[PDB]
Each structure stands twice: as C-alpha cells, then as structure tokens.
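Listed below, chain by chain, are the residues.
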Amino acid sequence: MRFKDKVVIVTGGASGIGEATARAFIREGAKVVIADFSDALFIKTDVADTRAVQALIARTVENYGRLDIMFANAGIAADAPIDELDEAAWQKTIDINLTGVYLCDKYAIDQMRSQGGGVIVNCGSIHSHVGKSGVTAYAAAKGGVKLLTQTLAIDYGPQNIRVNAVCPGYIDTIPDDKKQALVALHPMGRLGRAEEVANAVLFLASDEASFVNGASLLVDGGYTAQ
Amino acid sequence: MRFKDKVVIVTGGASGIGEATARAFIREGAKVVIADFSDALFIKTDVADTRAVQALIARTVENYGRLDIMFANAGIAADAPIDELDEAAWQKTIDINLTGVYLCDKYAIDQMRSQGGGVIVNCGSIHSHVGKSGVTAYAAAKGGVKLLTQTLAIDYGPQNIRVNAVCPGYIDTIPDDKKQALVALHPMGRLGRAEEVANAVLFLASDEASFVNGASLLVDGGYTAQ
Amino acid sequence: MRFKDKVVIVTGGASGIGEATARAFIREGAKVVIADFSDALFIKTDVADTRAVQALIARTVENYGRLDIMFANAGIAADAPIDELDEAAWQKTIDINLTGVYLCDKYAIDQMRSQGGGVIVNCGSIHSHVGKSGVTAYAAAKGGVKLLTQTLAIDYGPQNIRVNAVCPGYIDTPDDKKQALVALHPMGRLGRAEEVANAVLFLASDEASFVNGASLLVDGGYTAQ
Amino acid sequence: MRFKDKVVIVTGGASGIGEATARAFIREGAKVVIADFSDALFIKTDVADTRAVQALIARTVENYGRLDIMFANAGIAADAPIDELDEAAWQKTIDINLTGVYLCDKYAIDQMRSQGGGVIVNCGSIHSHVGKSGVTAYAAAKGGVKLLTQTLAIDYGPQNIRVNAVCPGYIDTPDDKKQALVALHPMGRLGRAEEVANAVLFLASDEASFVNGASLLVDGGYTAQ
Ligand SMILES: [Mg+2]
Ligand SMILES: [Mg+2]
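Protein chains in written order, with the entry's author numbering: chain B, 1 to 39, 55 to 188, 194 to 246; chain B', 1 to 39, 55 to 188, 194 to 246; chain A, 1 to 39, 55 to 188, 195 to 246; chain A', 1 to 39, 55 to 188, 195 to 246. A prime marks a further copy of an entry chain.
Think of the hints as simulated: they come from the structure by calculation, not from any bench.
All C-beta atoms, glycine included, are put in the ideal place defined by N, C-alpha and C.
Treat each hint with caution, since some may be false.
What the hints assert, rightly or not - So the derived label-pair ranges between C-beta atoms look like this: (1) 227(B') - 74(A'): 29 to 39 Å; (2) 70(A') - 204(B'): 34 to 44 Å; (3) 227(B') - 198(B): 57 to 67 Å; (4) 196(B) - 93(A): 53 to 63 Å.
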C-alpha cells in the first residue's frame, strides 16, 4: 500500500479512468475524494466553475486536514471536424478539459505550497501530441494541458511540487467497424483498459517517480510511436 | 512577387509580427486585410467574438471576391505563474490566443472549402513546445494552437487546404537584465526580428511549401533545440 | 516483489544506473545477469561486439531457461563539440551507445519471440530529445536509440513484446560545473541512479502493460523548458 | 535568384532529392558541387569515408574559394525488421546516413568557422520523429541526424552558422504498396523531390535567418497524426 493516509482528489472520478484511478488509490490506503458532475467521499463539482473547484479543495482540507495528490482528470469528448464544430461545443470542451485543469491545478497548488509540497497528475491524451480527424476541440484542450503541465513543473518544481501528465490512447469503456479502425491505430493490437491508465497515474503520483517532473507518460500501446 | 492578387487576412496585423507580415504580403502584391482591436484595408475585429470574425471574413470576400490566405496571429501576452494568475487573465488569453485561432480558422476554412482550396498559417510559439516560468496561460493557449493546427491539417489536407504553424522565439519589439536573460536562452545570441517571422510565414503560405502540412516551423534561433 | 523469478539482463551493470537497476531487480525477486566491460551473475561483455552479445543472451537462457526483460543500458560519455570530436571518438560512442543497443535488442527480441513475449527497456537520455554544447556523438546515439525504440515497439508490439526507453537527465554518481548542470534541472538537484532504476522497473512491470514505444523522461523538468 | 555566387555542396546529388536540390540551387545562381558514389561540378565521394569527405570540401574550396552551404543528404534505404536486419546492413545504414552526416557537417563547420559563417541543412526524415514497421536502421540513423543537428545549432549558432534539418515524408521518385504509403499522408499523395528542394533552399536562405536547430517537416501531414 503505497498511499497510506495520503489525501487524494480525483476529478471525473465517477466513471472510466477516474473511477479506476480512485479505486486503485483506495486499494493502496489513500483517503480519496471523487469529484464529478454526478455520482470514498463524493463531492459534486463542475470543474469549469472556479467557486466549485475552490469549494472542492476547501472541503477536502476541512475533512482530512491536507491535500497530498490531485489527479485533474475531468473531461468530455464531444467533438467534430471544425466545419461542423459549433462555438458552444468548442467552448464546453475548452472549459472542462483545459480551464478545468487550470482551476484544479491552481487551487491544488495553493494548498500544496502552504504544506511545503505535493504532487499533481494531469490527464493529457495521445491528443496532447497528435491530432486526428474530427478531434478538434479535444486536441486543442489536451495540447494546452501538456504545455500547462510543463510550465507548472518549471515554476513549482523548485518548491517540492511535481507536475506530470498521463497521456492515454483509446481505452475500452460504438459500431464494430469504428472500433476495429481505432484498434488498428494501436500497434499492441487492442485498446487499453482503464486500470492500465490508473497504474500509470499511481506511478507518477508515487515516490517511484520522485525525479519525474514536467513529463508526459504515454499509455497508448504504441499509437504515437508511428 | 509571389503573392500577386492573393487575398490575405492578417489578424493582430496592426503591430509586431502581424504588421511585418502584412507589409511583406503587400510588397509581394497581395490584397491584404489587417484585422486588430485597433488601428491595406483595416477592419476592427475582436478575434474572440464569433460574429466579428464572421463579419471580417464576409467583408473581405465582399470586397475582394475570395480569401486565399489566413494568418491567424492575434494574441496577447499578459501572464503570471499560476498562483498569481487570476481567472479573468487566464480566460482572456485563452479567448484571444486559442479560441480566436479556432474562430478565424473555422470561418476561413468554410470560405476556402467553397473555393476548392486555400492556406492557413497559425501563430504558434516556442511555447507551443516548451513551458517557461510565469508563462502559464500563454503556453496553454499555444500548445492548443499546435494541436488544432495538426487536426485541421488532417481533416482539410485531403481537401486542398494546408494548415501550418509558425513558432517564434522571443522577438525584439523591459529591464536590461530581463532582456539579457532572454537573449541567453537563444543560441544565436540575439532575439529575432519581426521581419524574420514574416519571412517564415510567407514561406509557409507559398507554393514553396506545397507539401508542408500540419507542421510547426520554429523561428527561434535554437531556443527549443536545447 | 514484482519480479519474482523473472530473468533480467542489465548491460552496463557494474556501475551507476545499471548497478542500481540490477540491485532493484534483485530486491524484487528477479534472477539478474549483469553485463559490462568489467566488474547476480556477472558476464563480461563488449556490447559493441555481436558475438559477445549473442553469447550473453545464450548463456542467460542456458542458465535460467528464458529472458524476460532486457535493460539495454551500456553507454559511454566521452564527447566534444564537433570541431574537436575525432572520428574514433564519434565511432566509439556510436558503436557502444547506439549499435550496442541494436545488438542487445536484436538478440533479446529473437529470444522473446521464441518464448512468446517479453519486455525491453532501452536507456535513452534527455539527449534523445535535446542537444547541448559539446554533446555531439552522445546526442546522435541517443536520438538513434529513441527512434529504434519506436520502430521496435511498432514491429513487436503485436507479438506480445513491449519496447520503451527511459530518458534520464543528469545523475549524481568540479563545483561550478555541477552547479551549472543543476541550474538546468527545475527540481533543483541532479537525479539519483535509484530514481532511474525506479522508472526502469515501472516500464518493465505489468503496471506498464499498455506502455509501448514511449520515452519516459526522468529529468526533474530539464526538457520541459 | 537568392543564391547568386554562393558555393554549395549537395551530397547524394546524383538522384532524387539531391538532384532536384542541386538543380534548384543552379537555377538561383549558385556554384554547385555534386557529390555521390557515382554520377555543376561532380566529385565522386563515399560520404562514410573521412578522407573522401575532407577531399570533397578541400576541392570545393580550392575551386571556388569558400563553402557557403552544405546539404548533407546522401543516404541509403535498405532495411528490415530487426529480426531480419543483419549487422552489416545495420552498419552500412549507420555509416552512410548518420556517420556520413557527422563527417560532412564536421568538415563543413571547420571551413565555415574559418571563413566567418555559413549554413548547413541536414537531410532528416519523418523517421527522425516516428518509427515504422521494417524501418529499423534508417529510423535510428535519422533520429541521430535530428539530435546531431540540434547540438550543432547550439554550439555553432553563436558563431554565425545555422544548422537545420529538412524532414521529408515519402517522395515519389508496386501499386498496393504505393497506395498504402499514400494513405498515411493526409494530403493524398506522396511528395515530390522538388518540394523537398524548395524547403532546403528556404532553410539555406537569408529568409530563414533566425531558423536554427529546427526540423522542417515536408510530409503532407504524416507526422501530425
Ligand atoms: Mg503518428
Ligand atoms: Mg529546452
């Protein structure tokens, strides 16, 4: 149990990668707060809303006395090629997938600086690195997450805070032919599992990654290698 | 004169890189529309405002009959380390430097698809690639611009549209010691000139770059090489 | 105890990162073969010599039955700006740091294909990604290791083999030169060999079961700026 | 006419990209020396042989007085998945595609330093950035060329030399194999040698006066996805 009594916030924690990661942190002894739009302690939070994010962190600290680890993972996938992507759809993805990471990072960092250290893992993507047809707002957001991660690592690295991104390929959580086409882009010959992303998050959040800072860890079966 | 009678929009065109680029396109025979918040045809445009962007492109087409080249360059630099960066400052940079590029790209692409082709150059940055202390919102925005550029190249590449990013280092356009510290990060031993960025933009916008698509062209004296 | 009875080769195993990595694998239950130019079973091996590399792998398989994990880590640092870098110095770095990785990877992959799977961790560097003054042959070698890692991941990913690279920053293993190196790492210190070992064990483990073709930077922020 | 009386060497100059590049430089007023294993002055040169490379550069300087631009482009494509890639095939690709670039760059830089400046364009590849099935030695070589380019830009950038890499996708120079390659390029066709030449001339020109240490992809979108 590598996370005994560590206080962890997982955003987007009610499903998929977030749920697998919260479950893994609980298994390893952490005190976990799950934040999501809807249903470990659950706290409803719109990560695009600064007051809700501040309240999330404040409540966590009031309940447990500290915040050790933030996994800023909330995100939507609701996208289109640009000619079909309307402004409200673009903005919703930027709000949640990029601004939400800024907000969660900002208020986690304030708390961690007051403690003399902490660890952040941001949810990036293969699409922090490469684009794809129809993946317009999501790629833009995830590219921003990568760069945000890097600047934070530079500013807060010297202050005993590490900030890294996990960058998943496609995860099994659609038409058969659409699914086989996705599979064909991953050299390992299958999609990932959510627990496989969780495992990487726990590595980055742990002292096993004590000199890993500002890095993107691709969990993508080889997708970005080609 | 490589751009005789080509219709070009330059956003952020009233100063710095935008002004140098507009001037270069005019010298090479283009019909240029300069768009900026304030004072070639000038059209006041808030690039964060979808109706103003639509009107910019509509007016350009009404005046000149077509749009051949868009340089989506508007941007602000008004930033801080995250602990000092308030939400309104973050949002203003995301709005202008990222959403403004989406808007300009979106409505340029609609016009170019109706013509059977065109060329976009987006203004990226060294900070599409690397972070820097205190460069929080700007890095996030520019990282997003890079990825947006890549997806557009993938979606619209097959439709005779090329989309690339120019990625400048620091350009001479501050305390002496701050300036020498910036200079020290550029292996060529000086900051760039705006006309040097313009030259790259014209290359990417030209048929000399006819198989260049989805690419970032670093104009940074070596900054990102180390 | 993530590596109980797993058979591991660590090249460059007699010092620094290789030494720490072998010790870490031993702690976690592995049967470890250490390979190096000179002094866990130790087998003296010149990684630039194909007959030696083949013999290393054959002897590991003869002793322990199989080869689960290869950490291809041997490497020299003896470099110069190009105007001062002699052809023999260039060649020696390429031979050990790049061709040595090809050879170790090639013959590990033959065994891994035969036995139905396995895992390779190549030792890259920050200099798989960024150059630096006076780091000419070593950067070329490490850039090569990164791309080699990627192609291998693509070819052998479908064959139950994963191939990844660990990419260390500067590791503490002339005060003013040291402080200059430290100033390039945002975390404010050089890395430890043990920290690189930790990353190797992650990449070699079933915790990294969908990590393939990746470079994991262990650099305190060096490449982030 | 951007290159009036500029002295240029193009290695691998007898065909494809090298040929197109030399022709483009000649159109624009340059004095061009073409170097290749066999057939603008032509000088037969094995780029993997240091004496030959030194002789190439010396003869260019003796004939024309100086060396303004080096396009280090020689390169072979003869590769295989690692399990099929013999040591001699690996070595030949490394020798020509990586060590050849080191040698051309080294002796160009000596001349350029002596004369007070100059410009180098190295031929990288999409495979300086991404791997591909069966592209083992060539990807390693090209990854090496990218990092070599970066270190050179750092060391020699302050000395009025710029060093950059052009990185072509597949260039049209077995229908089903061709269509598969084409499907990987979003623009819907393979590139032309002339399109790579255009990028070389840009990077070699004063239009690229602040471009240093960069890789310019000429790939129709290949690496973007
Ligand atoms: Mg790709
Ligand atoms: Mg850097």
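Violating hint indices (sorted, rising): 3
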